[PDB]
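Undergrad: Chain by chain, the residues:
Number of protein chains: 2
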Amino acid sequence: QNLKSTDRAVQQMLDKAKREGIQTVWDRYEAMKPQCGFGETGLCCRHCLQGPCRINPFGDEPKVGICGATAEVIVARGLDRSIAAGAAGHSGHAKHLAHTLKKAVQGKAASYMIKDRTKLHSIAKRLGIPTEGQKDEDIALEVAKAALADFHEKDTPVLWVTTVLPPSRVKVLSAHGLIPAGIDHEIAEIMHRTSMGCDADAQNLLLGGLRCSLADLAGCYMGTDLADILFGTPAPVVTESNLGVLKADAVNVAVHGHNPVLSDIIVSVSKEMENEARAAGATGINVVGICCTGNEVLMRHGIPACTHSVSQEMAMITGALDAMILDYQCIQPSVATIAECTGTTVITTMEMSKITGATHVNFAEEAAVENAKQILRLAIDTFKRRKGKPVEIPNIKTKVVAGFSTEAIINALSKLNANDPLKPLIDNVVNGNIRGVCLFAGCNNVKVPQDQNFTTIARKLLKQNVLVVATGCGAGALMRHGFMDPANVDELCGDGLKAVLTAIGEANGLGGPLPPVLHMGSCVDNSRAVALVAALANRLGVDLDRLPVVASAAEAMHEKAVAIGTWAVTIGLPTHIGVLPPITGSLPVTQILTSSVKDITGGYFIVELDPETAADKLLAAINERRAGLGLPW
Amino acid sequence: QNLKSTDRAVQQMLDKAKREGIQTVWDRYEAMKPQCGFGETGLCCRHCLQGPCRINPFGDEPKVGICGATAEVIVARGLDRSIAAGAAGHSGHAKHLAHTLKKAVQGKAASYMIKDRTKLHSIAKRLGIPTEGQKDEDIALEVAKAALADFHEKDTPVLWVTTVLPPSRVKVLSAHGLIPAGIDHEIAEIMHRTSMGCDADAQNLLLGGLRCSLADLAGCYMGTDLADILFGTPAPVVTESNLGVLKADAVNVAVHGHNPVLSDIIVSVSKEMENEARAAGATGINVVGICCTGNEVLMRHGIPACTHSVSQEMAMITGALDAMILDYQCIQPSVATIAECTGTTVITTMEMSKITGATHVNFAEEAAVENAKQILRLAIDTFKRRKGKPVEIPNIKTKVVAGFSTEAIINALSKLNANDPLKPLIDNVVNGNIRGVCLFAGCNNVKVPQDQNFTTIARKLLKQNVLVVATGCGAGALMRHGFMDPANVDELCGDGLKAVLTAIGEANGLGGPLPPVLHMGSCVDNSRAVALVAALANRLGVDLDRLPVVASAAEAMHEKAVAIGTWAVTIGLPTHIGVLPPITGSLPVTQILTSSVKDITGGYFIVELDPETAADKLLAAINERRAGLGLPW
Ligand code: SF4
Ligand code: SF4
Ligand code: FES
Ligand code: FES
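Sequences listed follow chains A and B, in order.
For the first sequence, full-length UniProt numbering begins at 4 and goes up steadily by one.
For the second sequence, full-length UniProt numbering begins at 4 and goes up steadily by one.
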C-alpha cells in the first residue's frame, strides 16, 4: 500500500477498505488508466458545440481546432479558466465572510462579533478608513462594505491587491496592466475572453490570467483578514494530527471544507453539548479537522487534524466517524456513498454545495447556534447506533505545533529585537543561517504517492537551511509526517536553521526550538505568507523578485492551486509545481510560463515531477536570488 | 459542396478555396473526425489535475470520476460552466455599453450621445428612476449606474430580470430561488460550485444553472436597452444580404463581432471618408456586416449583411475584402491566417480579444473618430494594393427587410388598433390565423450543413401559420435564403399567416405584406423577443408558460447559445436545440432538462437533430399551448 500513500495510518485503512470491498480514490484512479493524453497535455477544447477538438502533440492531423484555434490558444484558454475557477472559490469564501461580518455588526447575527479589534483597526488603517472617534461597529461596517466593493468595478482598483503589496510591486504590475479592477469582474472577463471566437493570442490570454490570479490573491487576503476579525488572529498552539486523534468512546465529528463560518461555531457549541453527549454514553464530543476548515480551527483553537485531501475517505473507514460536517471545496463526493457502508452521517450546510445522498442542514448565520445543535444531535444519534461495535482507529498520530500567523511570527521575532522585529530574520538570511524561504502550498494528488513530494523536497531544503512555511494540505502532509514537532529539529534541520529556530524559541520561553516547519494556516492564509514576504521586501527596500523566497505546490490538484501558483509567479516568486499542469502540449505557452514571464513579473514556474530534482531546482532558484543580493551561498 | 453549406455563394467560395489550397472550417472539421465521444456526450471532466476523468457511456469501467463525481454531476457541471461563459460574454458586452453611456453623459466621449431620449425615459420609468424635472444627462447617468449596479450584490436583485418579466413569472422564479443577485456574482458562483469537491447534486447544480441563465438574460436586455439609447431604437429598414453585397470597385470593410460601440462609429465615419476613398481610385467605402455587429448596423442603418457564422472565411476568399474590423465573440481565429493568402487587413480593437498575426488598433470611446479614421485608412491602403487584380465575388444576394424592434412591431400593429396595439396580434392567435410564435436564435455549426435546419424548420412552421421571428445568425440564415423578402410570402406562408402579414403591411402604407420572418436583431436582441412575449402575457393576464410561443436554436454552437436556450426554458418556453449538447451521457440530467423542469418553470428543452422531426415537435408544443388556452388547433 506504500505506492498509494506514504502515511502509515492511511495504508492501514486501505487494507481495511480492500478486505471490506469499499472502493477508494486510488481504486477509481486505477480504473481510469490509461488517462486521456489530449486532456493531460492541454490539447483538448470543448468551448463550443463544434467540439470536442483535440490536437495531436506530434505527427499528423488534427493539428488545429475547427475554428482555427491553435495549440497555444487552446492551452492558454484552458489554463485561464482554471485560474478563474480558483479565484471564484477563494473569493466566494471571502464574500461569505464579508456578509457574515456585516450581519454581525448590524445586529443580525448575534453568534458572530468583532473578536480581533486590533486587527480590525489595522485593516481599516491599511485601507484608508478613518478610525479616530469611530465606534468599532461602524469601522467594521465600513471594512465589510470595502470588502464587498472589491468584487466589482469602482473608482479604485481592488484594494485587497493594491494596499497589500509594496508600491514598487504595484507599479510593476500596473505598468503591465495586471492590477484587477474587481474580483468577480475579472472572473467574468476570463470566461468571456476564453469563449469561442474571442481572445486568440497566447501572450494576451496569459496576461489576463495573471491579472485574474491577482483577483484570487485578493480573495485569499480578504478571507484571512475577515476570518481574523471574526474569529481571532492565530497565535501558537499545540495539538496532534492523523487518524489516531479519533476516539472510539467519543462522538467523533469532522469539520471538512474551507469556510469555517459554521465550523468555528461547531467548536464552541460542541463544548456546550458535553453533558448531552455524556448522557448518550459518550465521553463527549471530539471535533476533528479535515482539509482547510480543519486548518482554520486547528490554527485558532488547537482542534486536532484527522486527515487531509486525497486520504479523506480513510477517516470514515475507521468506523468511528459519527459525522462529517461539510461546507465547500475539496470534498470528494464519494463520501456520501461510503457513508452507507461506514455509518457516518455526512451533512452538507451550504446552499450551493450539496451531495446526493447526504443530509442537508440549512445553515444561516442568524441561526448558527440552533443549526449547530441540530447537526451535533445527528452526530450523537449516530454514535448511539455504533455503541458496542468494534472500530479500527490506527493508533498513529503526530504532535503538531502551529498557529504561526504573520502577527505571531513577528511577535516571536520581536523577542530578539523589540523595535525592529524583522531584522533578526534578515540578519540570518544575510549571514547564511537561513538560506531562503520556501512556502509549501496546495493539495495531495492521487497521481503522486501521498505526501511523497512534500516530504522529499522539504527534507532536502531543511538540510540546506531553508526556512520552510506551509499552508493547506501541504501543511497537512508535513504535520502528519512529524515536520511540525520541535522534537524533530535535530534530525531534519541544517545547523544554521537549527540555530535560528532554537534562538527564537528560547527567547519565547520555550526551552526548545520552533518547529522545523511553520504552519501559516489554510489555503486562503497563503495570504499570510504574502504579508510576511511583503514586509520583508519593504524592510529591505527591494521588490519581492529580489528576495530568496520560493513556493512549491508539490502535489497540486485543485483549480485553486493553479490560481495560487499563478499569483505566486505574478508577485515575483519562483514557483514549483510537482504535477503536470495541462500546458505541455504547447511549447510557446510553456516557454512563457517558465521563462519569459521572468521579464514581466520576475517570477516563473518550475515544472518538475521528480521531487529530488525539484529540490535541486528550488535551491538553485534561492541561490540565484542570494547572488543577486550579493550574499554568500 | 452542398453537403457543407446550402448557401450557393458559400459553395462557390468553397470551390475557390479548394483550388487555391486554402484550408477552411469544413476542412478542419473533416481532419477532426472521428471526434471524441466522451466529450460529445459530456462524460469528460478536467476540473482538477487528477484528471482527465472520463466515463464510458455503457459497459465496463471507468464508471465514476476519480473524486467520486458521477456521470450526472460531471454532465451538470460542464453544462453550468457553458451557461456561465455565455452569461460572461453577453453581459461583458452590456457592461462595455454601460461604461460608454456613462462616459458620454459626463463629457468624456463626445462621439457618443443620447440618441433615443424616449427609450431613456421609458427605461428609467421601468427601473423606478425619477424623470420629472431631471436633465436627460442626469437620468442617463442614473440609468448607467443602475446597469453597472446589477453586476454585483446590492439591496435589490438584478433589476434587468425583475423589472422585465411580469410579476407572476418573477414570483414563480423567486419561489424556486432562481432570481439572480448580481450578474458577475452568479458567474463566479457557478465557477465556484462546479470546481472540484463542491456541488455534487445534479438538481442543485442545474437550478444554479437556471439562475445563471437569467443573469445572461439580464445582460442581453441591458445590452439592447443601452445600445438603443446610444445608437437609436431600430425601425423597419430595407437592405440586402450575402456575398454579392461586396463591390469590386469599392473599399470593402466588414464589421464583425458583437459589440457595435465602434462599428456604429465606423458606419458614420466611413461616410465622411468617401472623398479620401475616391482619391484612392475607389467608388467609396462599402461597409458590410458579418455576424451580430453586422446585425446591429443592419437593424439601425440598413448596412448590408455579407455573411455569418460558419461561412465567415468565405468573404475573404473573394479577394475583395479589404478590411475585417473585429471586436469580440464568434470570430474564427483562422481569419488571421487566411488574410495572408487573401490580402485582407484583419484588425482587432478590444484589449481582451486579440489574434496572433492580426493588426491591433486600440479603440477608446474618447478617441473613437480618430480610431475609425486610422482603421479606414488601413482599409484604403489595402484596396490600392489590389487595384487591377481580378476578384471572385459571387453575384448572389437577397433582399432583406428588417428593423423589427419590439417598439417597431407594436407601432406596426397600432395601425390596426391605435389604443390597444397588441390586440390585433392576439385576435389572430385566437382565431387561428397565427398558430403561434417561434423565435429562431443562435449560430450555424459545422456539424450541420449550413442553414439546413433553420430553413427546413422555418418552412414547415410558416406553412402551418406560425409567426416566425429571428435573431443573430438564425436571422442570418433565414435572410440569406430569402425569408426576409416580402416577395416570398406567397410561396412560404400558410393562408392565415399571409392574411395577417398582408393586413399589417397594408395598414403601414406598404401595398404589400410584412416579410415572412421578422428580424428582431442581434443575439442580445433576443431580449426584444422577451419584451414582446412578456407584453403579450401581461395583456392576456397569463404567465409566459401558457403562451403558444416556442424557441429553436436549430444549429447552435456557442456557449452563448446554451445560455440563451437555458433562459428560454427558465422563462417558460419549449426550446428546441438542433445540435447535441453534451448531456446524453446522463439520463437523469437529460430527464431534468427535457421533462421535470416543466414542473419548475413550465419550459423545457426539445433535443432533436432531424429538422423535419424537430418541426413536428415544435408544432406539437405550440398546439399543446393552444389547447391549454382553449383555442382550436
Ligand atoms: S472553440 Fe474552437 S477549438 Fe474549441 S471546441 Fe469550438 S471549434 Fe473546437
Ligand atoms: S474534479 Fe473529479 S471527475 Fe473532475 S478531473 Fe478532478 S477527480 Fe476527475
Ligand atoms: S479528448 Fe480526452 S480530454 Fe478531450
Ligand atoms: S476524453 Fe475526449 S473530451 Fe476528454
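Calculated from the structure, these hints are not laboratory results.
Honestly, I wouldn't trust all of these hints.
For identical chains, the list gives no copy identity; a pair is met inside one copy or between any two copies.
Below, a list of computed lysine-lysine pairs in the DSBU-like style, where the Cα atoms sit at most 35 Å apart [said to hold, decoys possible]:
{"#": "1", "residue 1": "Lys21", "residue 2": "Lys450"}
{"#": "2", "residue 1": "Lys426", "residue 2": "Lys7"}
{"#": "3", "residue 1": "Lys128", "residue 2": "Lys148"}
{"#": "4", "residue 1": "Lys392", "residue 2": "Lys66"}
Undergrad: If the cut is 35 Å between Cα atoms, do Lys392 and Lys66 qualify within a copy, between copies, both or neither?
TA: between (60 Å within a copy, 33 Å between copies)
Undergrad: At 35 Å max between alpha carbons, let me know whether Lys128 reaches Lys148 within a copy, between copies, both or neither.
TA: both (15 Å within a copy, 29 Å between copies)
Undergrad: At 35 Å max between alpha carbons, let me know whether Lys21 reaches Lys450 within a copy, between copies, both or neither.
TA: Close inside one copy (19 Å), not across copies (46 Å); limit 35 Å.
Undergrad: Can you tell me if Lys426 and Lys7 fall within 35 Å by alpha carbon in one copy, between copies, both or neither?
TA: Neither, since 43 Å and 72 Å both go past 35 Å.
Hint 2 from the list above is the single one not met by this structure.
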